[PDB]
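Protein chains: 2
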Amino acid sequence: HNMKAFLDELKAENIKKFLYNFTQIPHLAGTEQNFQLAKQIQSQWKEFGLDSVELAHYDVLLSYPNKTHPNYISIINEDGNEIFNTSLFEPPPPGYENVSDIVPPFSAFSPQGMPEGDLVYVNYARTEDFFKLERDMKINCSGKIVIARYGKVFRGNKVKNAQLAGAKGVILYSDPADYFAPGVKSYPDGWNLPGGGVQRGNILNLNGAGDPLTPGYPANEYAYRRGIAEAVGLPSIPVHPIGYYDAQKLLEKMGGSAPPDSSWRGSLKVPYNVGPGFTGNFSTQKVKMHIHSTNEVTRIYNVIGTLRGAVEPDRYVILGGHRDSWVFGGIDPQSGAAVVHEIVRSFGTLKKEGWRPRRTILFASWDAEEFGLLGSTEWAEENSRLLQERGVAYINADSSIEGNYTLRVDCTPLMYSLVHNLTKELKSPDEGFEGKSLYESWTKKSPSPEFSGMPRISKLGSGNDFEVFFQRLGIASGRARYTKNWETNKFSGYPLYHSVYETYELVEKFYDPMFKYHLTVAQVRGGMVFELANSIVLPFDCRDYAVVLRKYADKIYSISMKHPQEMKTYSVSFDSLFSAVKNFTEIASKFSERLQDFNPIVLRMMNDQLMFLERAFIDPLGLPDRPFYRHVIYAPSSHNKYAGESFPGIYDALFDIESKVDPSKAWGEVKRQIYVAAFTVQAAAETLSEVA
Amino acid sequence: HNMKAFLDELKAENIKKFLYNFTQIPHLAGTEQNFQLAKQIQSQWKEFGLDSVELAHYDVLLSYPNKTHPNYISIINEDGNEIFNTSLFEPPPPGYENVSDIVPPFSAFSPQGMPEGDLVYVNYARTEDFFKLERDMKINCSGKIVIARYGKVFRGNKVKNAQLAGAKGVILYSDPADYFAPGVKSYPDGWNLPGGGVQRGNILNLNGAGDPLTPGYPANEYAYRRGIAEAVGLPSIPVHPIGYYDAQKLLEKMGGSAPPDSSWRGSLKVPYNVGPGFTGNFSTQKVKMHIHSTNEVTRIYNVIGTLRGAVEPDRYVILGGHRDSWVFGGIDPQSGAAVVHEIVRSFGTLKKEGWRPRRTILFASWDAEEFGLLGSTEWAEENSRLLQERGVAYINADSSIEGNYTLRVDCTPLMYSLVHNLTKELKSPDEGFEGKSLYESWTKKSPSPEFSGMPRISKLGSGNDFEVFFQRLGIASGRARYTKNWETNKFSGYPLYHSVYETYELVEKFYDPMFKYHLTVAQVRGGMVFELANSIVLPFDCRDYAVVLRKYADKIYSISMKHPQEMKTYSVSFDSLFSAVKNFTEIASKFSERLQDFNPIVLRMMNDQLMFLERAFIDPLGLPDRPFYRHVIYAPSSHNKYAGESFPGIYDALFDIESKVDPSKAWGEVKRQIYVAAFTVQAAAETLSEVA
Ligand SMILES: *[C@@H]1O[C@H](CO)[C@@H](O[C@@H]2O[C@H](CO)[C@@H](O[C@@H]3O[C@H](CO[C@H]4O[C@H](CO)[C@@H](O)[C@H](O)[C@@H]4O)[C@@H](O)[C@H](O[C@H]4O[C@H](CO)[C@@H](O)[C@H](O)[C@@H]4O)[C@@H]3O)[C@H](O)[C@H]2NC(C)=O)[C@H](O)[C@H]1NC(C)=O
Ligand SMILES: *[C@@H]1O[C@H](CO)[C@@H](O[C@@H]2O[C@H](CO)[C@@H](O[C@@H]3O[C@H](CO[C@H]4O[C@H](CO)[C@@H](O)[C@H](O)[C@@H]4O)[C@@H](O)[C@H](O[C@H]4O[C@H](CO)[C@@H](O)[C@H](O)[C@@H]4O)[C@@H]3O)[C@H](O)[C@H]2NC(C)=O)[C@H](O)[C@H]1NC(C)=O
Ligand SMILES: *[C@@H]1O[C@H](CO[C@@H]2O[C@@H](C)[C@@H](O)[C@@H](O)[C@@H]2O)[C@@H](O[C@@H]2O[C@H](CO)[C@@H](O[C@@H]3O[C@H](CO)[C@@H](O)[C@H](O)[C@@H]3O)[C@H](O)[C@H]2NC(C)=O)[C@H](O)[C@H]1NC(C)=O
Ligand SMILES: *[C@@H]1O[C@H](CO[C@@H]2O[C@@H](C)[C@@H](O)[C@@H](O)[C@@H]2O)[C@@H](O[C@@H]2O[C@H](CO)[C@@H](O[C@@H]3O[C@H](CO)[C@@H](O)[C@H](O)[C@@H]3O)[C@H](O)[C@H]2NC(C)=O)[C@H](O)[C@H]1NC(C)=O
Ligand SMILES: *[C@@H]1O[C@H](CO)[C@@H](O[C@@H]2O[C@H](CO)[C@@H](O[C@@H]3O[C@H](CO)[C@@H](O)[C@H](O)[C@@H]3O)[C@H](O)[C@H]2NC(C)=O)[C@H](O)[C@H]1NC(C)=O
Ligand SMILES: *[C@@H]1O[C@H](CO)[C@@H](O[C@@H]2O[C@H](CO)[C@@H](O[C@@H]3O[C@H](CO)[C@@H](O)[C@H](O)[C@@H]3O)[C@H](O)[C@H]2NC(C)=O)[C@H](O)[C@H]1NC(C)=O
Ligand SMILES: *[C@@H]1O[C@H](CO)[C@@H](O[C@@H]2O[C@H](CO)[C@@H](O[C@@H]3O[C@H](CO)[C@@H](O)[C@H](O)[C@@H]3O)[C@H](O)[C@H]2NC(C)=O)[C@H](O)[C@H]1NC(C)=O
Ligand SMILES: *[C@@H]1O[C@H](CO)[C@@H](O[C@@H]2O[C@H](CO)[C@@H](O[C@@H]3O[C@H](CO)[C@@H](O)[C@H](O)[C@@H]3O)[C@H](O)[C@H]2NC(C)=O)[C@H](O)[C@H]1NC(C)=O
Ligand SMILES: *[C@@H]1O[C@H](CO)[C@@H](O[C@@H]2O[C@H](CO)[C@@H](O)[C@H](O)[C@H]2NC(C)=O)[C@H](O)[C@H]1NC(C)=O
Ligand SMILES: *[C@@H]1O[C@H](CO)[C@@H](O[C@@H]2O[C@H](CO)[C@@H](O)[C@H](O)[C@H]2NC(C)=O)[C@H](O)[C@H]1NC(C)=O
Ligand SMILES: *[C@@H]1O[C@H](CO)[C@@H](O)[C@H](O)[C@H]1NC(C)=O
Ligand SMILES: *[C@@H]1O[C@H](CO)[C@@H](O)[C@H](O)[C@H]1NC(C)=O
Ligand SMILES: *[C@@H]1O[C@H](CO)[C@@H](O)[C@H](O)[C@H]1NC(C)=O
Ligand SMILES: *[C@@H]1O[C@H](CO)[C@@H](O)[C@H](O)[C@H]1NC(C)=O
Ligand SMILES: [Ca+2]
Ligand SMILES: [Ca+2]
Ligand SMILES: [Cl-]
Ligand SMILES: [Cl-]
Ligand SMILES: [Zn+2]
Ligand SMILES: [Zn+2]
Ligand SMILES: [Zn+2]
Ligand SMILES: [Zn+2]
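Protein chains in written order, with PDB author numbering: chain A, 56 to 653, 657 to 750; chain A', 56 to 653, 657 to 750. A prime marks a further copy of an entry chain.
Worth double-checking, as some hints may not be accurate.
Where chains are identical, the list cannot tell them apart; a pair therefore holds if satisfied intra-copy or between any two copies.
As the list claims (entries may be wrong) - In silico DSS-like pairs for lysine-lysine, Cα to Cα no more than 30 angstroms straight-line:
1. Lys645 / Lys101
2. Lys324 / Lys610
3. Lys482 / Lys500
If you're looking for bench data, these hints aren't it; they were derived computationally from the structure.
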């Protein structure tokens, strides 16, 4: 009963069967079908041999279209006649044309409204796109309906940016430039998005809050809810997503200013004029949204399975991923959920033969991830005291695939060594690498930008269920999946993301026919959990944090150094940060020596120092105006929730600082953030010093 | 080498010698004399045998009078002639008339100013005193100088209350009613305050922040400071303290309205008219303050001594008390500091014979307590991650005596059983109780109001160095000292509090000639530290928390039930709180069974559950507008920093609720606080459940 025993028990065929099982009907959060799947998973995890498996339910704000009053967009003429209407549903895929309860495309949490106005095209609606529009092109979005292409950043950031530009509505669409790979066919004949395809998704800006109505506290039976006007993160303008057939109709008539350059042009046979409004002949026509979706407090269900530790039952290693999907969830999340299911089954076989892991393993099937990480966050709010005193590590388990080229790992530096070592012991599933390790294929296909002979591992960003564990609670976290070639990655995900076309057949036919990439991902995620839950000494290397902290300090310093005059005027020094990083490096080196040179108390003392090291980067005061982003080293980018930002407090203080009215106040805040960062790094270092 | 060995080594004669040694010159925070005493203590603790003894220094905002521009108050006539001036200094006591660097009486952190106006007498300047003035008597304090008698509540609350009433200055004075015990002589012939005596003290409203310029972060070398206008807790009107000879001169001419009743009248031969202003003949005379004190960032020094644990070096039991005094500190703090010194010496003797405690003991000599708990708080801010993961308990050690009648203990419920047991094993020092236990004399003289055969133990309030450890960080905390008869206690402290007359001779002559009360307090504080640092199982009884939580829930419910109509209208239920308390009671009972029915891992797991139980009552979001008061069960009263309030969030939401303009919003907030309290109690209970 070792890791090899665990790993060998995992079967590609089982993952395939589970994926099929999980993807036959929609499992939208808050629906009966998803409660039924929750009860199924609970039953099976009990069968598989877990010690206890419970449902943890919460009543959270969700959002749904009105079934008898559909959402749509129009071009409207002078007289008020609707001369063009966008589609009410995606054409259903072959053999699903009679499946009921497919939620039509909508933007979750949009307010209701019927705004009419002139269109402005805002490219990807990124911060720099709005800078270009308002500063360089002098185009004013106030009272306009903005049309933006999906991609590059989380859609909630697009909506926030449009809102602050004064837009009265937002139309999101999938451009073939971003969601149609050259030379591959549209679904069902390949993996591309057809013109009638539409990406669902929420447009919240929760900043880690969880349920919009109950920030800080679980949405239990006696919870006291904020009123809707005080809710966290809701958009104040109507928003709706469309496909590129419909987008072409909205864009083809656009007049006003030309696109500023080619990076604003997608692939449609359209000028990509910015507007505002339409060309001469159509100048009196307007665009009208009709949004009637409702926000509703709705019950959600997490499945929580426990495999009690033999030696340290009060130490938790958590494998969690969500179960709710937009429609069938063929990739997102069921390709991940099937992998978790097989991992539970494998751990359970070992358990039935009398084995127990050293530490407690918790398994989670989260609900309502798609509506803002609501299930994971409410559960973590409920159990925060247990998690922060006992939480060793969190491994996420959403989609196992976003491509089929190579491995993707995003994790805390504390897990780098664990990942390098585990992947050296796993077989590559890649063509041309048969008989070679996963480590070998991965570093060959995804080389580190910094170190020869090492693979790329990214910072954790957000937009998934690790956010509460990592950035709020400071529990060492990681994720892994298969991905496309980093070199050709345009960072907008796979074409059928959150569409009705994301089905079992998509995966079985076009991504992973042999389920070998799924199996590899099961081995990586399960192998990580195994090592974290069983290794005598926690498998974290604090020295890996020391290396990246120096890299991040250099990076933030370099950003500041674009403003040498201001750094002189306001006496802005990074000396304290570099000093703290140097100290961390020295103390981490000494701690590592003791860790090899040392008695269960010294061990556990040692293990507690390892466990609480991620915890030490938490600031209980949070980051400015983002109280649930407490980690001082890593936060989701204020411009793109999906992206991780390092030294986020200093980064945001420096961002666009040349445009601040009061430079004294602005640079004062840069200095304050340097102080907080230097202090936190030093304090974290000191947790690794001898204890007395 | 057991507790008896430790206890027997403690000597009354040593405490006496140390008290004498610590009280010959003033030790004002931020002065050279107090840095010298810090270096002395450091040297002696090294000599006594501690493993390491370091100084931890910080640069914090302090406040001092201007030596060449003295503070004083005048009665000023029509022409602007100053016809009466208050005293510039307290007449120095016999044999100290040539001692230099006695800081004259002042209110630390007063702003500068010379306001002139009419006097209003506001009794003790409590919330209910201002309610009486403004609501019942229709007296408007706006633009008036208020005169208030010291006593009943922390002076900072008086100043806040006066400020919000619109006062333009505050004069604080010691009334003989509150600071002259009938039948005892004035210093030097007894322990009473003479008419020229004046009580120093800060008038901040920090609410746990520590250094006004650096809330959240230690005031280290690279700290970034708030500007003075954004500092925490500074008063916005000038304030000055005077003695009763001077107060009589200010009060004797007061006209306007009569005192509303006898509870407004002190003991001076004066009408206690409320004003505003003076009687007919003197109606054109005014009162003028002249305050020229300056706030200055100044270095302070804590002494931190470590005695490393043999078995759990990463578990800290902290004995801390301050060293800085207003003048000689004969009682406050040196009667406590001498006790700590002797405790260190006794632990050190044992250590030199080869003993070590099971857990690490930390000893602290804090600086700048008198200026707002600044030394303890900055150190805890620096070391917060170590303290919250490793902090077992904090025992405070300020003044060992406020009387000589019986024991006073204020502590967390987790220490009740420890205290009852320890005091049963100690000898009573009381006359008439020779050969009896301290427990016996204490419960006879200070009976519990609730339980026959038990002594009174109060809730922790604040106004001392345990505040950061208990209410911010959630470390189990306690204090103990000798006190006066509870039955005759008027709750304003001893007459010579913070006066020049608080000397070695005061204690040696009038409080504790034989130093037997000091020795008893050394045995209580040291005995507590010993048990906490050495007992195999931490000496906390979680069931004692269950009992008080029910008491507090009944109390808060009863307050709400004065508003039955509103509880009906707004559906205000305490059911969830009572449910959580019931659950806590049940789980605590089961945990206690396992604690006796159980392996060092199960033990330590068990010990961690005990250690983290106080920690579980912390809410990282803090209480409303008081982010550093995080404990949900106990906070300092919003009306009196010295007093502990239970369920403070709900208490403040209910306070004066009948006067709120918007009852819907007000009762909504009561419900929100009930939710937070019920959740926190349940979450704390669940930390005592089986871990997996
Ligand atoms: C990285 O780790 C190193 C430790 O190796 C830390 O070094 C400390 O750095 C600060 C400087 O920022 C030093 O602070 C200075 O302390 C002097 C007194 O120190 C005595 O006491 C301590 C223990 O209390 C002993 O360790 C020490 O050896 C001495 O016995 C003060 O006199 C200094 O203040 C004077 O100079 C400054 C600067 O010019 C003026 O602003 C002041 O007004 C004053 O005149 C100063 O405060 C500290 O001594 C160093 N410690 C050690 C052990 O060397 C780094 O701080 C750490 N980096 C971070 C970011 O934490
Ligand atoms: C003190 O400790 C007790 C445990 O002994 C807690 O009791 C829980 O109390 C809540 C009620 O507030 C119960 O919640 C209810 O759960 C039902 C489903 O429960 C099932 O699943 C759980 C595990 O997930 C099992 O433990 C349980 O036995 C069941 O199998 C829901 O159906 C209920 O909702 C319905 O009724 C309410 C109220 O009328 C409506 O508002 C809803 O719309 C809905 O129709 C309800 O949510 C919970 O089951 C109890 N747990 C147990 C183990 O008994 C107390 O909560 C605790 N006190 C505090 C303050 O925490
Ligand atoms: C675009 O859609 C609008 C609105 O139509 C409604 O919503 C759609 C998304 C679908 O769900 C439709 O089934 C649904 O009707 C169309 O305009 C609408 O046309 C209808 C029928 O022509 C109008 O109905 C009325 O009927 C009676 C007479 O029988 C009279 O009271 C009225 O005079 C009117 O004729 C309806 O008013 C009108 N609604 C709006 C808001 O304009 C529109 O035709 C369509 N455009 C296309 C297909 O190009
Ligand atoms: C109350 O105190 C005031 C102020 O006196 C000053 O502050 C005190 C607390 C002590 O530190 C004093 O030593 C200090 O002077 C007294 O009023 C002041 O009186 C003096 C002397 O009479 C005035 O000095 C001036 O001197 C020259 C002439 O030699 C001329 O320029 C002026 O015409 C004036 O006479 C001083 O102006 C005056 N100050 C104020 C603010 O009023 C006051 O007498 C005293 N009251 C008592 C003892 O009842
Ligand atoms: C996905 O897999 C699950 C688990 O295999 C399937 O659910 C299972 O379905 C079977 C057959 O429908 C159920 O067995 C039946 O039980 C009832 C008594 O409760 C009895 O009347 C029948 O004779 C039959 O034995 C079984 O309860 C159920 N198991 C669980 C744990 O839910 C499910 O059908 C699969 N879904 C798809 C879409 O393929
Ligand atoms: C990933 O694998 C590497 C390579 O096995 C691990 O590093 C190795 O860890 C071992 C065990 O602690 C080290 O052995 C030690 O060697 C020193 C002498 O150099 C000796 O004093 C100790 O008694 C012990 O035997 C070994 O040096 C070390 N190798 C390297 C190259 O660092 C690493 O720990 C693994 N990472 C994780 C997270 O498990
Ligand atoms: C309070 O007690 C302390 C500790 O006993 C006293 O401080 C100590 O004073 C002695 C005598 O003044 C010092 O010894 C001297 O040392 C110097 C060399 O440094 C030498 O020239 C002298 O011959 C003498 O031996 C001693 O250093 C000092 N100890 C410490 C730890 O500070 C202090 O005097 C007492 N204070 C009062 C007010 O009674
Ligand atoms: C304060 O002192 C009291 C009285 O000594 C302590 O309570 C006592 O603690 C002992 C040791 O855990 C208990 O003994 C146990 O008895 C049960 C059977 O009743 C047995 O199963 C266990 O093996 C064990 O021998 C004893 O019952 C208990 N007495 C009472 C009256 O509760 C208390 O723990 C002390 N408090 C602290 C904080 O140390
Ligand atoms: C979904 O849409 C329909 C409208 O097509 C809503 O039903 C109407 O609601 C209004 C306002 O409450 C009533 O005055 C009408 O009597 C209803 N009209 C019809 C034709 O039924 C319905 O409320 C919406 N559903 C939700 C959940 O908001
Ligand atoms: C203490 O008080 C004296 C005044 O009696 C202050 O000294 C004066 O300061 C002002 C304003 O800065 C100067 O214009 C004068 O030249 C000074 N006058 C005298 C008579 O010396 C002194 O600054 C105060 N000290 C502090 C620390 O504030
Ligand atoms: C944009 O338009 C609105 C409303 O017409 C106006 O109030 C606002 O100031 C404009 N902004 C700029 C930068 O021109
Ligand atoms: C899956 O792998 C093949 C290589 O055999 C590749 O050509 C194909 O495009 C991949 N599928 C996806 C969806 O990327
Ligand atoms: C008290 O006096 C001030 C200034 O004279 C006035 O503005 C204020 O409204 C008064 N308050 C009451 C309650 O009379
Ligand atoms: C100290 O004890 C005696 C009893 O012997 C008492 O009369 C005296 O008032 C006490 N001193 C103080 C300061 O309370
Ligand atoms: Ca919540
Ligand atoms: Ca501070
Ligand atoms: Cl993932
Ligand atoms: Cl005390
Ligand atoms: Zn998704
Ligand atoms: Zn997902
Ligand atoms: Zn004091
Ligand atoms: Zn004190």
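Structure-based check of all given hints:
Within a single copy, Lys645 and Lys101 get their C-alpha atoms only as close as 45 angstroms, which misses the 30 angstroms cut-off; across copies the closest is 26 angstroms, which meets it. In this assembly of identical chains, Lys324 and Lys610 lie within 30 angstroms of each other by CA distance neither inside one copy nor across copies; the values are 41 angstroms within and 73 angstroms between. In this assembly of identical chains, the alpha carbons of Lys482 and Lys500 lie at most 30 angstroms apart only when taken from the same copy (15 angstroms versus 78 angstroms across copies).
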